[PDB]
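Shown next as structure tokens: one chain only, the form deposited in one PDB entry.
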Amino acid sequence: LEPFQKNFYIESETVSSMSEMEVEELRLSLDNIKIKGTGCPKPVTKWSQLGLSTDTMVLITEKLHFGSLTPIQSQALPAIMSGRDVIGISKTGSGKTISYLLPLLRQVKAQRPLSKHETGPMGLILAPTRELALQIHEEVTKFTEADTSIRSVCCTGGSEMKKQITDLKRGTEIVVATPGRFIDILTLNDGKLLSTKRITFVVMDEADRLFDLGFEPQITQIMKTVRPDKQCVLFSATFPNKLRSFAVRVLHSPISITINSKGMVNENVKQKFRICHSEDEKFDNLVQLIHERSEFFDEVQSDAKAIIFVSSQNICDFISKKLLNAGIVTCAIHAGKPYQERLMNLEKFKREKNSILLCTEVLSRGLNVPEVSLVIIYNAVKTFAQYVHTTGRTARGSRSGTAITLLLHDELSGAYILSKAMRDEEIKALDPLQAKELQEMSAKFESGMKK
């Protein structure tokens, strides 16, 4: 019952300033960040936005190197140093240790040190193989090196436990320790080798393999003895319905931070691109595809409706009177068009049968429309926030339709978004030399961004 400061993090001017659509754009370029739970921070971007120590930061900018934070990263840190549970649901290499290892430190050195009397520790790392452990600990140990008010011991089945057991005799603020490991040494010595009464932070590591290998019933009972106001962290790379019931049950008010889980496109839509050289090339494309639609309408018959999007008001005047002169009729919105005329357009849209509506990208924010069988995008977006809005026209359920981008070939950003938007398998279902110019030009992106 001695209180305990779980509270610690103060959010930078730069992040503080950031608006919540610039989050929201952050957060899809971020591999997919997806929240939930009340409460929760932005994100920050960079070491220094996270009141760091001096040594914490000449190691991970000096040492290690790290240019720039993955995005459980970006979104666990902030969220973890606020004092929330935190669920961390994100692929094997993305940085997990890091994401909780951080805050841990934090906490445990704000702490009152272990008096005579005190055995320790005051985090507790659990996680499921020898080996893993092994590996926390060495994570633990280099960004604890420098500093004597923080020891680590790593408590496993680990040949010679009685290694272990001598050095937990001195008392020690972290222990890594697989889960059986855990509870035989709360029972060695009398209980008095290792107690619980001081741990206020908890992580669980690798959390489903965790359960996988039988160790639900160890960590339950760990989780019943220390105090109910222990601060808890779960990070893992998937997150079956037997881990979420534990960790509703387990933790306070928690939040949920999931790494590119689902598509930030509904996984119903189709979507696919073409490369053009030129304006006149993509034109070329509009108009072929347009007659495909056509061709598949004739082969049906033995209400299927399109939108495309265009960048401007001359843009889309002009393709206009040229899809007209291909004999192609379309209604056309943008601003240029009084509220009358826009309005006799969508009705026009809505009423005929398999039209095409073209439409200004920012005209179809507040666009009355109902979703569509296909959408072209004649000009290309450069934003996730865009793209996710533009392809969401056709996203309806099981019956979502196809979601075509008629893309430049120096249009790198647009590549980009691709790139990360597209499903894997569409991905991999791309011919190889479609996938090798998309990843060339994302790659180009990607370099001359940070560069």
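Residue numbers count along the first chain shown, from 1. If you superpose the two forms and keep the largest set of C-alpha atoms that fall within 1.5 Å, you have the rigid core. Compared with the form deposited in another entry:
Remark: with the core as the superposition reference, the CA shift of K96 between the two forms stays below 2 Å.
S12: CA moves less than 2 Å between the two forms after rigid-core fitting.
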The other form holds:
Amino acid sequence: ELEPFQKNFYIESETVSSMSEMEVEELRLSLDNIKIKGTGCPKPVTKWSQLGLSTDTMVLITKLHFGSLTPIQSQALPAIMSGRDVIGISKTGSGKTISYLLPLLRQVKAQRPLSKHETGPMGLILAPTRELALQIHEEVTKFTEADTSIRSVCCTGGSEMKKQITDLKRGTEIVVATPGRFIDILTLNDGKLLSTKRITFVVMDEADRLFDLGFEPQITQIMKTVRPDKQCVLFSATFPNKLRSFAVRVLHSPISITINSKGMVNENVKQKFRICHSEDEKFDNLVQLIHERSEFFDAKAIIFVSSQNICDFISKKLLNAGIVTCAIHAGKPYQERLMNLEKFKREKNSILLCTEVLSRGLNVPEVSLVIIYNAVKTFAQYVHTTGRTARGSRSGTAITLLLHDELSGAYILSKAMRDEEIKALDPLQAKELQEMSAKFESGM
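Moving from the form deposited in one PDB entry, what structure would you give for the form deposited in another entry?
This part shows the chain on its own.
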């Protein structure tokens, strides 16, 4: 008859809870393309203060972690603090450790102390190597140092067992261990020196490595002696089939968090840009682009603009210059939208001229060329506009005509383009891009 306990310690800050869904999508794209799976994921935070940690802890952390929250921290901290099981896929050095330590500290702190007959622990962190266990435990101590109500003992192989037994004699709220040693300690002396009965929180870090180094049997047996309503988080740089299979076995309604696994834009889309200095130059490029394309002759294009007034203007402009377009926007009667869409889907080598906001929902097949005439200002809009050309192997090209003053636009391009896409273009255009993006970035 299990003892009930609290796992959700998260109070969403007002400023975060005010965020809309579109805002949250955008924040995830900007944070190195965070991808989530699972139901009910809390919104990412962007500041240590949105987590409701005491001043002590705040001072301590800062001290402990210098600079901005990492993408993994932004998303994993509120999900774990909320008591959810979590799969966190991110590289070593992404700061993942505090992502689980803070919530673990909080959870263990809240539980009643160990009785005079209870060994502990309440929290268990498993690592595949002695070197990682020691590193994790060093972190832990930087927090248990201030607070004498909480101990951690590090239990690994390649190290005296008797030494660690002397520790565990005194009871311990937290254990950091390699799987073999832990199992060895559990079974030792009728399992009377270490109990699993009070473990409510298990973390497995570098989880892919645990299978690599043959620990499936040990970690599987450990999870079998742990209450199944425990909170469990699995952190790993990769997600091999073995881990995927293990998570299904040990987790409930997990939230998976993957940081920039793949590119925000399909890698088969060829992203390009041209930096211009007047609307006129932008228009000169747009025309050169439309003619040039013909020498490579389905093959259709879509010019994206930012407003209905711009769409009308550019439509007339392009007309006066011998180029006929199928123009579309929400200020036009639906009947003529349909006429233009059908004309576009009908006529060979047609050109659609469309507002960026209608891009996600356009009912047309993928195209060979997207010309973004007004650099978009969000990551979400960039994905929807460029995605109009995405088509696995048959993906075409998306090109942005950017103006010298469009700093945020350059920030987006610098974050969504592949490095090798920026290399193949003129090194001065490239250099301006990076300068534009840096200026925007320090602008905040």
